[PDB]
Amino acid sequence: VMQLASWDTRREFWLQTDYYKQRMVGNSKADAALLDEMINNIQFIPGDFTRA
Amino acid sequence: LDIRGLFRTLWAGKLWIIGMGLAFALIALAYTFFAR
Amino acid sequence: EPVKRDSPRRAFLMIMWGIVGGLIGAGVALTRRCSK
Numbered sequence: 105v106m107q108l109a110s111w112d113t114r115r116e117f118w119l120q121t122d123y124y125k126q127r128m129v130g131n132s133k134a135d136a137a138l139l140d141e142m143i144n145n146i147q148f149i150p151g152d153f154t155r156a
Numbered sequence: 017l018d019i020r021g022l023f024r025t026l027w028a029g030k031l032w033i034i035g036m037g038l039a040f041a042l043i044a045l046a047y048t049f050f051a052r
Numbered sequence: 313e314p315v316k317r318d319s320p321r322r323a324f325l326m327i328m329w330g331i332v333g334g335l336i337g338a339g340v341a342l343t344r345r346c347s348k
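Chains as they are written, first to last, in the deposited numbering: chain A, 105 to 156; chain B, 17 to 52; chain C, 313 to 348.
If we strip away everything but chain A, and leave its shape as in the complex, we get:
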């Protein structure tokens, strides 16, 4: 569970996927803005055992 919600884990995953590599335009500043948007596309919601 700790690795799932980690900001670091989401960053390393996108850098090695072909989905992200074909979307790089070649400008250093633009790629960083694009990458930060992808990190927020994954959301983790913790559960509660009281409500099952």
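These aren't lab readings, by the way, just hints derived from the structure by calculation.
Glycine is no exception: its CB is placed at the ideal position from the N, C-alpha and C atoms.
Where hints are given, some of them may not hold.
[To be verified] Ranges between beta-carbon positions, derived for each pair:
| no. | chain 1 | residue 1 | chain 2 | residue 2 | range |
| --- | --- | --- | --- | --- | --- |
| 1 | B | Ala51 | A | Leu138 | 23 to 33 Å |
| 2 | C | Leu325 | B | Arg20 | 55 to 65 Å |
| 3 | A | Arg127 | C | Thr343 | 49 to 59 Å |
| 4 | B | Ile34 | A | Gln120 | 48 to 58 Å |
| 5 | B | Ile43 | A | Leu119 | 37 to 47 Å |
| 6 | A | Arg114 | C | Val332 | 33 to 43 Å |
Following the hints, complete the assembly by docking chains B and C onto the known chain A.
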């Protein structure tokens, strides 16, 4: 109050409003260039 | 490295300054109509 009167009152003076609203908005954008 | 600057975030200043400018211009026009 007379809202129908009020909109007619502001209809004639719209030029005065738009002449200085943009200027007051333009008062900033230099403090932004002078801040941290 | 951060991607975007935190302050002074010009957009909010632009919007709120313009809103205040429109309000004060409408008030000044209303006063001028009674002043003429």
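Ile43(B) versus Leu119(A) beta-carbon gap, inside 37 to 47 Å or not: This hint holds: roughly 45 Å between Cβ atoms.
Is 49 to 59 Å respected by the C-beta to C-beta distance linking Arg127(A) and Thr343(C)? holds (56 Å)
Given the hint of 33 to 43 Å, check if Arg114(A) and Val332(C) actually sit that far apart at their C-beta atoms. 42 Å Cβ-Cβ, so the 33 to 43 Å window holds.
Are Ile34(B) and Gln120(A) spaced within 48 to 58 Å by their CB atoms? Holds, since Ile34(B) and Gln120(A) (Cβ atoms, about 54 Å apart) stay within the stated range.
Within 55 to 65 Å or not, the Cβ separation of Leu325(C) and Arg20(B)? Once the Cβ atoms are compared, 35 Å apart, the range 55 to 65 Å for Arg20(B) and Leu325(C) is violated.
Using the Cβ atoms, figure out if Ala51(B) sits within 23 to 33 Å of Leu138(A). holds (29 Å)
Hint check: a violation occurs at hint 2 only; the rest are consistent with the structure.
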